[PDB]
Amino acid sequence: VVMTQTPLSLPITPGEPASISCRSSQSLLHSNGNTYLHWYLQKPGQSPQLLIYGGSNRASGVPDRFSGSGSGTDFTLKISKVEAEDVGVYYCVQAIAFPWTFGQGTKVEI
Amino acid sequence: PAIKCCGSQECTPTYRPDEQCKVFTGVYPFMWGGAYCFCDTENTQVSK
Amino acid sequence: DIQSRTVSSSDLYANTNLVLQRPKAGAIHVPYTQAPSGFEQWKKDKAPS
Amino acid sequence: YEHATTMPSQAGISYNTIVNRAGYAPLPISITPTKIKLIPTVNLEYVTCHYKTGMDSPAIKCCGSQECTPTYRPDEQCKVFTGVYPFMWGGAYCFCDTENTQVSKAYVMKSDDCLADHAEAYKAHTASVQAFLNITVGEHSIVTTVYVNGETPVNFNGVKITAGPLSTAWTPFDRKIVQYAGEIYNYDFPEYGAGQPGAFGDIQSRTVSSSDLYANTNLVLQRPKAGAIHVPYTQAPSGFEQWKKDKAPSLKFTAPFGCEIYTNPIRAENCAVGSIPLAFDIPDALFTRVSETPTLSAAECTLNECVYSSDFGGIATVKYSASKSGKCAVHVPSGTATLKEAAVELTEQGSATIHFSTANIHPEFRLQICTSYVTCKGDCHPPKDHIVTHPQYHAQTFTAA
Amino acid sequence: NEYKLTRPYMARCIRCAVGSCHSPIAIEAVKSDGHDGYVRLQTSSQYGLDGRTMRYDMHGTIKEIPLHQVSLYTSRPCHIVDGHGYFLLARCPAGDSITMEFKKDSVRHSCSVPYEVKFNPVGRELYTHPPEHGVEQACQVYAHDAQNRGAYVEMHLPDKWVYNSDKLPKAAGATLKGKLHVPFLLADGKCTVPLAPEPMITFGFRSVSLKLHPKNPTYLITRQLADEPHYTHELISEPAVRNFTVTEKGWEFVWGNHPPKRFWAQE
Amino acid sequence: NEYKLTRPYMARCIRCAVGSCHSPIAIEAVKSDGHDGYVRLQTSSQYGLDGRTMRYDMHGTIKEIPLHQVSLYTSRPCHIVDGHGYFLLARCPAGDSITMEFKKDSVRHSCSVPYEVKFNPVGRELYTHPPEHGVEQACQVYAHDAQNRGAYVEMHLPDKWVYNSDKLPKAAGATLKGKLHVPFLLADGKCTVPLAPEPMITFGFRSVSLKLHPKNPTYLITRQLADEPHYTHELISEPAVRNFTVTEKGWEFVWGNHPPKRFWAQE
Amino acid sequence: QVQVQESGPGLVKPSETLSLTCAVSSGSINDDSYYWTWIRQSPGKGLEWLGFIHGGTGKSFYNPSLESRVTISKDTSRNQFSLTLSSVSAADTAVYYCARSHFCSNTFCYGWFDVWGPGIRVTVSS
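Chains as they are written, first to last, in the authors' numbering: chain A, 2 to 27, 27A to 27E, 28 to 106; chain B, 58 to 105; chain C, 202 to 250; chain D, 1 to 401; chain E, 7 to 56, 63 to 170, 234 to 342; chain F, 7 to 56, 63 to 170, 234 to 342; chain G, 1 to 35, 35A to 35B, 36 to 52, 52A, 53 to 82, 82A to 82C, 83 to 100, 100A to 100G, 101 to 113.
Source of the hints: derived by calculation from the structure; they are not laboratory data.
Any given hint could be a false lead.
[To be verified] Below 25 angstroms or equal to it, Euclidean Cα-Cα: the simulated SDA-like pairs (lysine to any residue) are: (1) E/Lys245 - D/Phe95; (2) E/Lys254 - D/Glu269; (3) F/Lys324 - F/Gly279; (4) F/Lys115 - G/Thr73; (5) E/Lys265 - D/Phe95; (6) F/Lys37 - E/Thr140; (7) E/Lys10 - E/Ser87; (8) E/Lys336 - D/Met55; (9) D/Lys319 - D/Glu305; (10) F/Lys245 - C/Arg223; (11) G/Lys43 - G/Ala85; (12) F/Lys290 - F/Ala106; (13) E/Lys10 - E/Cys22; (14) E/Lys290 - F/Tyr127; (15) C/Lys245 - F/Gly279; (16) A/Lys103 - A/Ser65; (17) G/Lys13 - G/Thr87; (18) F/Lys37 - F/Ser118; (19) E/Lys10 - G/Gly8; (20) E/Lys130 - D/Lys319; (21) D/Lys176 - D/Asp117; (22) E/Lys324 - C/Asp202; (23) F/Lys115 - E/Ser122; (24) G/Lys71 - G/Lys43; (25) D/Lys327 - D/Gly23.
[As the list claims (entries may be wrong)] Pulled a few chain G residues facing chain E out of the computed Cβ check, cut under 8 angstroms: (26) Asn30; (27) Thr73; (28) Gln77.
Note that beta-carbon positions come from the ideal geometry of N, C-alpha and C, so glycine has one too.
Assemble the whole structure, with the sequences as input and the hints as a guide.
Encoded structure:
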C-alpha cells in the first residue's frame, strides 16, 4: 500500500491553527472498530516522535496543542496553535497491513 | 483447531464418543502469537 | 471406560472424564485433560487368575 | 438517630435492616461486605536464604611455616597443615618431604540469589481489622473502606457510620510468622543469634542489604590429599533447603474459620468469624414521614412455595390495597426469615412477590411492608440437593417441630 | 571490562577419563536450586563470543572449541542454553553427578563431580518433565539475562586475571584484587504447571466422595471451614476414593494445581 | 504409497534445545503398551526408502537426513528398528520422557516430551532387560511389518497431503480428507523369558519347606486344592525360606515361569 | 528510561552482505509486549519499515520487497539486536534507526513504536 500526504509543506503564522490531510488506498479501518493511523513528528536533528495515534488518540507526554480525526481513508491532523519550537516535518503512518508504509513528509517552519 | 482472526465461531455438533467441543476467546492474542492473527482479543479457537 | 459391544461394532460408550482447557499463546495446539485409562490400571492391579 | 445493629462478619451477604422512629416512615439500610481483612503488625527479625561457602585460596610455603592472620568473616575458620604437598610431584612443586605448610581459610556468605530467593522471619501482633462495604441507606449506593476499630467513622450523606469493634479478637497469625514463595507459615524461628546448623536460621542477616551476617553452619576444615592444590572441608547442609522440603503446608491451607492468607500488604482476608456491630447517627432530613409514603390497607400474605434451603427458597405473595403506587421498605424483625430485598415496589391495589431464605419447616414470620405486620404462615417441603456451593442465608433458631 | 582481560585455568577434578589429573573443564560450582531443571555451572574454562565458544587452558597455551562439541550429562544428557564467563547455563534433569566432556583431534577430555542436581517441580503435581500444557504459576528459574544484577565474585592478577579459587594458590608479590559479576541470577517469571484430571464428586448426606484418577503424584489438601480445621494433606498417585464429612460450617479442598472448591452441606 | 505423496510439518515441542520452537521432529503420539520394550512413535518427519532415511519440513522447504544420524532416548539410549511413514519403531527402555534429536552442519535440533514409557515384562519373573536364555512364552510385541492390517488415521490437503494433527489448524476451501494406514501394529509372537533359579524343596510331615534364591523379582503362587484353596501370591527378591502346610488333598506350587507342580502328602 | 544505541560499519563495498547491530541499554529483550524494529531513511524516499522481532517468542516479520535478502536476528546474552542484508544496491544510502515498541497491551502497538537509537549513517560507496 501507499498513501498521499498533502500539502508538501505549510509554513505560516505562528499563533494560529493548521492541518494536514492523508489519503490512503484501502481504508485503514478494521472490522474490530479501530482507525489504524499514526502521526509521527520529527524535529531536525532528532529521531521521530509521535503526537496522535489511532486517528484521534493523543500520546502521554504530549502538549495539548493538537487534535486529529478522519474517516476510512481521508484523515486529518489539525494543529491548534503553532508555536516556535514546532519546526520540523510531519509524517502520516500506516499499520493495518504489511508492508507498513509511511508518509512522504510535510515540512513546517515559520 | 478451527481458528478465526478477529472472528467469532460456533460449534458444529458431531456425535463422536465423549465428544467435547468448546470455544476459546482471546487466543492467539496478537500476531507473533502463533495463529498469525492481527487481533488482541476476538481471535477465536474451536477445539473438538 | 470404553465399552464396545463387538470388536467390529460402530459404537463405543466412552466415559473418560475428558475436559478441555484453554491453550497458551505461542503456537497452535489443542489441550485437554482426562483420566488415565482403566484398561491399564486394571491390567496392573488385577488379582491372580 | 442512633441505631445499634450487628452484622455477621461474612463477605458477599447483604444485611438488610430498617430504622423506624415513633411515627416517621421506615428507612431501609442494606450493607454488604465484599472483603473483610485482618491485618497484623509485623516487625522483621531477619531474612535468611541459602549460603555459599567461600574458600579463600591456599597460602603455601615450601620448607616454611605460616601464621594464621585473624580475619572476621562469618563463620571464619583458619587452620594450618604441615606435611602437606610433599615432593615436587606433589602438586605444589615444593622440594620438601615434610615442613611444607598450607593455610586453608574459609568463610560463609549469602548466595548470589539471596536478593530474590529468600525467606522473611516476622514477629506479629495487634491485628488491625478492616472491611470493604457496599452500602445503601435511604436510596444511596456508597462503597467505603471502613476500619472496624470502633472510632474511625465514615460520612455517608449527613449520617455518620462507625463500624464497631470486633469480637472475638482472634487471629490465625501466630507470634512467629515466616514468609516465603508468597505463602505464610507458623514456624518457631529462633532469634538473631540462636541459629543452629541444619535448621531454619543457619544464616541470619537483619536485612537483605545489611553487612552483619551471622553464620552458624559447623564448617570444620580438614587436611588435603597430595596430588593437587585444594582446600577441603566438611560442612552441614543448609537448613533452608531442609525446611523447604520438610515444612508443613501453609496457613491458607490450614487456617480455621475459612480464612484466606495473602502476602502483599500482609493479611488474612475473609475470616468467617464473629460479628461486627454498627453504630449509626442518622439525621432527620432523609427520614421522611408517612404523609408521602404509600400507606397500606388490607394486606394478606400467602406462602406459595417454601423449601427450607440455605438459599432464597421461599416465596410470599401479598395482596394489598394502598394509596400510592410507590416503594415500601420490607423487613422481618425476627431471625425466622431473611429477604432478598430491603424495599419492594407496590402498585395501588395489586399484589406483590417476595423471595426469602427461610428456616424451620413451619415459618410464621411477622413480615413488614411500609407499616403493617402481616403474618405469612405456611409449610415447607425439603430440598433437592444436599450439597451446595454457597453459605447460609438464615439463622436456625432450632424450632423445627 | 567486558571481559577481554580474564584467563582460564587448570585444576583438580576427581575424574578425567583416566583417573584424576588437572583438568581444563573442572567444576568449581554447581547450583541447581531452581524450579524447572535449570542448573548453573562455574568451571575452569571461559565462554565468549569469538557464535559461542569455549576458551580453555592447557599447559600454558590457550585453546578454543565451539559449544556444540561440549557435552554435559548427569543421569540423562543435558542441553546447554548459554555460556558466559566462567559460567554456563543448562537444562539438566536430576542426578547425583555432573559430568562434562569434549573431544579435540583424538583425545577425549572429561570432568565429573558429585553434586546433587535436583528437579524441583512447581506446584502441587510433582512431575519429572514439564507438561505440554497447563495452568501458569509463579516460578524462579536461573535466568538467561547476563546483565549485572548485584552478585559478584573475586579474582586477581598473579598479565591476566584469574579467579580466587580454592584450587589455585595465592601470590605473594601483590594481592591486586577485583570483582566480576555472576550472570544468570535466579529471577522470577511464570511457568507452566500441569493440571490434574477433574475429580469426580459424588454427594451424600453431609458427605462428599472424591474419586481421584491422577497421572502423577498430586497433593490433596482438605480442611473444614470451622474453629477446628482438621487439615488433611496427602500425596496421591494411585486411583483413590476418599470420603469426607461436610458440615454447615463448611468444607473446602484443593486437588493439585486446581483452585480451591468450597462445599457446604444442608439438611 | 506414503513417502511419494505426503509432506511433513513443523509443530510445537516443549524443549527444542532452547525452550520451545516449531520443531520438525515433534512427537504427536507415543505407544508403549507392548511387552519387551518396543515403543512406537508418530513424529512430524517422515521415513521413506530413498536405504532408510528421514525427510523433514524446515521453513517451507524440505530436507533429508539419513536414519543413522537420528538418535532418541528415554533414560538410556534407544535403538531404532524401523521407520515407515510418519511412524517409527524402536526398542526403548522404561523412562518418563522421550527425547529425539539430530544434528545438521552446526545445529543440534532436538525435541523432548513427557511420556511414561514403560517396560512391561513377560510372565512371572520381572525382568528389566531381557534374558540371554530361557523358556518361551506368548508375547504381544510391535511387529516389524508395515502392511495394512486395518488401523487408519486421517489426513488432508491444505498440493500434498498432511496429517490431521491437533497442532495445525483446519483449512476452509475444501475438507478433502482421506486415510492412511498405521504400520507397526501390535501382533502376537513368542518371546524368551527367564527361568528362575531352582528351588530346594525340603519335605516334612504334612509340610513342604522351600528355600528360594531369586535372580530377579519372581512371583510365588501357591494354592491348596480343597474347597478352600488359600491362594497365596507373593513377590520375592531376597532369598527366602517359606514353609507351607500340605495335606492329602493338594498343594499346587508355581515359581515364576516354571510348570505348575503339585505335592500332597501321605500318612 | 531505556536508552538504545546503534552501531555497525559505513562504506560497505557494494554488492555484498551488509550488517549492523543495535543494543538496548538498561532494558529487557526477553520481555513480551515490546517488539523491536529496523528503519531506514533514503535521500528523498522517506522513512521505511524493514522488519522487526518480538522479544519473547521471537519470530520475525519482514517486508516482501526484500524478504529474499533481509535478515533480523537476536542475542539475549548481550541484550543485542541486529540486521543483515544481502546484495546492497546503490541508492540504499540511509541513516539506519532501530526502535523499541510501546507496551503492546492493545492492537495499537502496530506502528506506535518508541525510544530510538540516535542513528547510524550508511553510505554504500567506494
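Of the numbered hints stated previously, which ones are contradicted by the structure, given in increasing order? 2, 5, 7, 8, 13, 15, 18, 20, 22, 24, 28
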